[PDB]
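Asker: One letter stands for each residue in the lines below.
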Amino acid sequence: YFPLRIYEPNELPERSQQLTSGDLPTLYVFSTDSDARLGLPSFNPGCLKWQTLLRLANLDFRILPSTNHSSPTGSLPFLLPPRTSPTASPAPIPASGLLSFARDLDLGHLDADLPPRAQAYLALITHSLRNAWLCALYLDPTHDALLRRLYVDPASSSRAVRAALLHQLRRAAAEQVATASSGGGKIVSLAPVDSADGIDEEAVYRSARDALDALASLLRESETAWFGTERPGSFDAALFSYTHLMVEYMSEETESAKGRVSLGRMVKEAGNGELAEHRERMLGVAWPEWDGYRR
Amino acid sequence: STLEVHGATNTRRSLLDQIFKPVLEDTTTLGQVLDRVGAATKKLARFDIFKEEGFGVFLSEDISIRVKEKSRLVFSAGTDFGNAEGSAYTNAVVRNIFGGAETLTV
Amino acid sequence: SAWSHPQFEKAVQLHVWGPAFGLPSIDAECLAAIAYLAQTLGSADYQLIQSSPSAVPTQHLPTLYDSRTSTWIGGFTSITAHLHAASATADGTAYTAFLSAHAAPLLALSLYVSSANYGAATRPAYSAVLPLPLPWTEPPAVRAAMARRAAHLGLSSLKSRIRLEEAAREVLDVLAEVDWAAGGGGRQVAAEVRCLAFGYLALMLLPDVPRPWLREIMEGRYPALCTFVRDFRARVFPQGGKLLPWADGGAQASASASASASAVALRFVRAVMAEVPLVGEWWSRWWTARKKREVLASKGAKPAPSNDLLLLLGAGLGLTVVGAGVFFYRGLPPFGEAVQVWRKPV
Amino acid sequence: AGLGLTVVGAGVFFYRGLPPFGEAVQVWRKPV
Amino acid sequence: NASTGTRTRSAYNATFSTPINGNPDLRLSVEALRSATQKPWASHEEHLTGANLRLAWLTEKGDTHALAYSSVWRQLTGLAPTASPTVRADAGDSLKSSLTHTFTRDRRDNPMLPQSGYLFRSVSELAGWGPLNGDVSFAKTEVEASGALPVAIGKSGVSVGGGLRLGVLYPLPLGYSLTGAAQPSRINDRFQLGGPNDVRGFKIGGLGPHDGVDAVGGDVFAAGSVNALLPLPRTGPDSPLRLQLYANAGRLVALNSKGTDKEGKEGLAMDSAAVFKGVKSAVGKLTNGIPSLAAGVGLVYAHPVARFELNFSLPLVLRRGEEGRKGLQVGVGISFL
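Residue numbers (my numbering), protein chains in the order written: chain A, 1 to 295; chain B, 1 to 106; chain C, 1 to 346; chain D, 1 to 32; chain E, 1 to 337.
Bound-form chain A, shown alone:
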């Protein structure tokens, strides 16, 4: 009654048209521009798990790089449904609701209460291998180039800011490895052990080796090429999200001069190599048309 005219709303800017246009639901993962166009697996395991699960759910979606700040929660791998009106969009879907949004045949094998024994084996993946990956990436001087060109270089393009981003990444990973009592349990003043001086790394490496041996021995008794069932589930995706990246980015042939055979060769040779066969059988159910893995 009070306003007199209405005039065809104001046509959002260019960035809000080249990025958030969409036709398919888009999943925001830690990726790179050269890889996001092909849907190739991300380089962060916490996002590669959900990307693998969504690809197994036969969902048609798109992959766009993001930066962990634009999330409905703290962590990154969220999803945004397609835009229905050029000035309004549905709400985002956090990492927990990706499988609920995914619904073809049966989306029941991708979310299921694991048997009690499997809940014990899953701690090997979520703590042992995770702390191994965090120590080997964020606190190993050999992988400074990887850490930079993956997480820091495409963020700010400014040395005095890349420095602070690297520092905070390294400190935040040290604050996490220094909590799991596999390798770090030191007690200092009322502040976490936020440095590689309290994350003693031989224990972490040995825990990772034992975890990989145990997981290979668990896979050996399945008889159906997966972890007890017929099609890969959440356990297979959770293990893939670490073994694939360990084989890809941490398989450096420099080992003899230092010892401590890298994580990728540990994954390749663990047990009778059942883990490599597993990761190559998952690359062929989710990514059946992608070649050029194994470094």
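In the DSS-like style, the derived pairs of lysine-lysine whose C-alpha atoms are separated by at most 25 Å in a straight line are: (1) A:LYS258 to C:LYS299; (2) A:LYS258 to C:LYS302; (3) D:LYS30 to B:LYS43.
Treat the hints as calculated values from the structure; they're not laboratory data.
Please build the complex by placing chains B, C, D and E on the supplied structure of chain A, with the hints as guidance.
Answerer: For chains B, C, D and E alone, kept in the frame of chain A given last:
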């Protein structure tokens, strides 16, 4: 039955223990129980740890005493009237260090 | 350099906490290590020195000291790595990794986060095993650590009791099928993992705990774990664990070799120096680097010589702050005079 | 150095202090 | 160290300043700021932790100049609610090394209640280009005019008012060129228009492209105003409290490409001809169609160091989703339109 002391965040356990452990030695003779709780919460005020505005005591079913710490640092200028015409001072107090201790500076 | 792996050149003595609950120790890692040593070596091989994180270079309490090679080894898993069908070892590793996390946050929910149990049961038991000025610095650090560890459970000092029951059952249902002590039953695992299971479960169900919800859950729904804990304690630690070969005169006589007034004053002064904001942050980092280099040297490797950049940075921050403060408060001597006279030249 | 360090140490120790000596809730109960 | 009950959470600047060449007007400044504001109109936060170096030179005619070099960080890290795909796309990390020049030509008889004055103020800014590195690259221009004029009845203050404000945001390439691929603006740099200061009768962020309940800015904008500022009725030229009777206006367009389909892939790279056509079309859109409107009566209280309004306005013309306001329009600040 069971008594608690809510809000005594910076008071040592053995001090409140010396005060409130004999209170549980009254083994329904409600009168004597109330007299002992009153005597205890009164002796608790003869220290200078915490204020006197909120000495709550709740009974149920058992006992629940609510207290609120006074402060940890106090400053002042004031003006003293110690037999003289006037005296400007700067009184810096530290109300509690470990137990019920203090430390002034005038 | 403080955020990367270190650079290299081109008769055991277990350290534990005090008994404090009717068990040989607290901190179920230490108790599991004691139970492991007691079943493997024999009374004439270990010494069980009572200690605290300030008295070892590892800063981690289940610390063994080999006397033949003078190597420091911290943590339970590293200790049992030292001193030493495939589904047995597989399940051993699986359950060790499931106890070290998802059971340590549950034991730290009681006794550490609930302020009714910390102060009534736990804090006195920590103060009773530490030299006199230390109970003001170390028990709060241990509580802060075990409260940061018990996070991710979404719980705090808070009908809001069905949720604690669910959180405890989600763990005790995984532990319940292991057949923790028998010659027949479910899935036998190993000795070294049974001892860790005993450590955690016995510290879960035994203490007094004014608000004992965990003891109630364990005794009400899981009788197998209660029976296992009782029989294991009666078999390995008869009579409270006083027959364990502690140092010269028992438990309290063990904190004598490294509890002189000098060392205790040093420990207190370091623990209080680590709390001044900036200087303390960087002092803690430098001290931890020094101690890790010391442990590594004792292990047998040759670390990088030293990098005092951390202490230089902390001292620089402190000295620069105080110098700017003084230079801008007191200043410099006056730049002018009371009278200044000009006069034309001729 | 002793004068300076002692002054600053006393100042800090009496301004910031030590971690609290008590808890929010403290519970007593009679023994049987 | 200034906090704020609503938006700002922190501040620390330290502002070391000296005169230059023994001249009391020509000064120099070296500031080091670290703030963390809140932008509820476009639901995020902003963390600035840079430092700038300024050279202010007050001229003898009453004018003023400035030349500053600023370098910031500009993190956007507060997307707690449901916000927009836009505020998520500009997720946040930048530098914005820039160089800005202001020019104030004040002639108003009263800075907080002009009656017989005039005012021209111009701000121009050249962000990363050539020697100026960084992440953003633009040339942002802002012009302001004013006025105040009494006509008739001593001195009873009728003081017919005035006003005008323009602005343009032009994205340039990133090095030593006027021709090249230039990336479009971010939510950080675009203009906001509306509220108790810019255009009264609108929400603190209104009058712009909206991605829901979230006010994303625009590049080319243009405002206006008319006043009456009548004195207190039947009372005369009394205390600062005066009456006000104002019209308003407002436009805030955003730069699209919409004219070159040769780009296709790599949408965040517009060649110079495309950017020129886009700014031309944006100005053309800003021309046609009645912009916006508002009207009301106010209670101006010209405090010495501030201004207080307590208005009551009713928006006449809007766009779809511009979040007009009608209830009591409280206003306070230094710069009003």
